[PDB]
Every structure is written in C-alpha cells, then in structure tokens.
Amino acid sequence: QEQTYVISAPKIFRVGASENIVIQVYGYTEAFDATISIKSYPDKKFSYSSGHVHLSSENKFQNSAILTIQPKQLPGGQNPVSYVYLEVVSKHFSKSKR
Amino acid sequence: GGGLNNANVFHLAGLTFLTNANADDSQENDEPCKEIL
Amino acid sequence: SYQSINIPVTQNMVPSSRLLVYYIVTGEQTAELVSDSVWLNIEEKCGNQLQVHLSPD
Amino acid sequence: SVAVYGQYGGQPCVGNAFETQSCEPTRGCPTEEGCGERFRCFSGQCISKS
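Protein chains in written order, with the deposited numbering: chain A, 19 to 116; chain B, 637 to 673; chain C, 522 to 578; chain D, 51 to 100.
The hints are simulated quantities; they were obtained by calculation from the structure and are not laboratory data.
There's no promise every hint is true.
What the hints assert, rightly or not - Computed list of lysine-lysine pairs in BS3-like fashion (alpha-carbon distance at most 30 Å, straight line):
| hint | chain 1 | residue 1 | chain 2 | residue 2 |
| --- | --- | --- | --- | --- |
| 1 | B | 670 | A | 115 |
| 2 | A | 78 | A | 109 |
| 3 | B | 670 | C | 566 |
| 4 | A | 113 | D | 99 |
| 5 | A | 115 | A | 62 |
Unchecked claim - According to the in silico footprint, chain B covers these stretches of chain D (three or more CB under 8 Å from chain B):
| hint | region |
| --- | --- |
| 6 | 60 to 68 |
| 7 | 85 to 94 |
Built from N, CA and C at the ideal position, the CB exists for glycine as well.
Modelling step: build the complete structure from the supplied sequences, incorporating the hints.
Here's what the structure looks like:
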C-alpha cells in the first residue's frame with residue numbers, strides 16, 4: 019500500500035458554485051493524468067463537470083480541478099437531486115463517492 | 637479545529653475525502669454543530 | 522524541519538479561514554492519513570473599503 | 051506449447067515453457083482500495099471492526 023491518493027472536496031457541493039477539488043497521490047514517480055468528474059447519481063450517466071489534471075514531480079503530484087454543477091443541468095422538477103458522484107479515474111485507480 | 641480522528645479532522649474542517657489510505661468519513665455523521673468561536 | 526505555511530492571508534479569507542494540514546505516511550505496508558486543522562480568525566477588511574463622509578463639517 | 055508430448059518414456063521437453071522480457075508498460079498498476087471504515091489486517095485483508 020505504497021501507492022495512495024487523497025482527493026479532498028468540500029463536504030457538500032453548492033449548485034452553481036465552482037468547487038475546487040484537489041488531488042494528492044503518494045509513492046508514484048512516473049507522471050500520470052487523472053480526471054476528476056461530477057456525475058449524476060446513481061446512474062453515473064450525465065457528467066455534470068469534469069477536470070483533467072496532470073500529476074508529476076513539478077506538480078509534486080498535487081493538482082486541483084475546478085468543477086461546477088451548473089443548475090439547469092440537474093433534472094429538477096418534482097424532486098431535487100440530493101446526491102451526485104464525485105469520481106476520479108487514472109491509470110492506477112478509480113473511485114467514486116456519493 | 638482539531639478533531640477526534642483523521643476523518644473527524646476532515647469532517648469538522650468541513651471537508652470530505654476520497655482515499656485508499658484506510659480511512660473514510662462515512663462513519664462521521666453528526667448532529668448540526670453549534671460550537672461558538 | 523519542515524517549511525512553515527508562509528502564504529499571505531488573502532482578501533477572500535477576511536471573514537474567517539480554516540487551515541487543514543495532512544500527510545499520508547505509509548510505513549510498513551499500511552498507509553495512515555494523518556491530518557490536523559486550525560480555525561483562523563481574519564480581520565473583516567472590506568475588499569472595496571467604501572467610505573462615506575459629508576464635505577462640510 | 052508442447053507441440054508433441056513425450057510418450058512411452060520419450061524424453062520430456064527440457065527447459066522452461068516460459069521466457070520473460072523487461073518492458074515499458076502502457077498500464078498502471080491498480081492500487082489497493084484500503085479497508086475504509088473496516089479494520090485492516092496486517093496482510094491487508096479487511097474485517098468488520100466489531
């Protein structure tokens with residue numbers, strides 16, 4: 019368990035806000051890209067926002083994505099959307115959290 | 637500031653995190669917080 | 522020794538800020554996320570600092 | 051492959067069936083997803099914290 023990551027995010031996304039999501043990975047030494055995305059929940063079907071971030075020694079494997087859930091993209095109507103998937107994808111890992 | 641635990645430190649900071657480093661804050665649910673500063 | 526947090530306090534901080542500090546150390550074969558945070562009390566400095574006065578006094 | 055299996059005491063094929071090269075990968079090594087809330091055994095298996 020040498021190769022590890024932290025993606026740190028606001029506890030709650032404000033709709034229409036720009037949420038600065040920062041990723042740090044440890045023990046990598048080759049540069050790699052990751053994408054951080056906000057996807058509709060539970061279907062993961064609609065990508066509300068996505069950010070491509072390069073992790074490398076001059077980054078020091080630290081970067082952030084400015085992600086924004088534009089309000090008219092959420093379906094709205096009778097039910098507000100209470101949840102969304104923050105997802106990260108890279109060569110080395112993928113995780114998504116509600 | 638401070639916190640009971642790494643997940644608690646993040647939660648009380650008003651953050652959450654994804655990690656594979658053997659921590660998650662989904663255990664950290666709590667009543668609305670009324671401390672005064 | 523480790524570098525201090527030397528960053529200037531910015532106008533976007535003026536109501537308040539929170540500093541969180543963290544590292545993962547992966548000794549043996551097991552990672553621990555280690556972290557701390559402190560409340561930072563910042564002056565209520567207005568960004569535009571509008572001031573209003575009458576010309577005679 | 052073994053093109054022709056040795057039979058009736060015919061000499062078996064000698065040496066390894068496999069050989070290996072050093073190579074520049076296209077793939078990342080997938081990480082462990084750590085135990086999260088669960089207790090992590092030293093091996094890295096996870097068990098209920100109870």
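- Would you mind confirming whether the straight-line C-alpha gap from residue 78 of chain A to residue 109 of chain A stays at or under 30 Å? holds (17 Å)
- Sort out whether residue 62 of chain A lies within 30 Å of residue 115 of chain A, counting only the CA atoms. holds (11 Å)
- Task: Establish whether the coverage given for the region 85 to 94 of chain D by chain B is satisfied; the threshold is a Cβ-Cβ distance below 8 Å, and no fewer than three residues must meet it.
- Result: As far as the region 85 to 94 of chain D goes, the hint holds, because 4 residues have Cβ atoms under 8 Å from chain B.
- Assess, step by step, whether the Cα of residue 670 of chain B is no farther than 30 Å from the Cα of residue 566 of chain C, and give holds or violated. Answer holds: residue 670 of chain B to residue 566 of chain C is near 25 Å, not above 30 Å.
- Has the region 60 to 68 of chain D got at least three residues whose CB is nearer than 8 Å to a CB belonging to chain B? With 0 residues closer than 8 Å to chain B, the region 60 to 68 of chain D misses the three-residue bar; violated.
- 30 Å Cα cutoff - pair residue 113 of chain A, residue 99 of chain D: holds (22 Å)
- With a cut-off of 30 Å on the C-alpha distance, tell me whether residue 670 of chain B and residue 115 of chain A pass. Holds: residue 670 of chain B and residue 115 of chain A sit about 27 Å apart, inside 30 Å.
Checked against the numbered hints given earlier, the structure breaks only hint 6 and satisfies all the rest.
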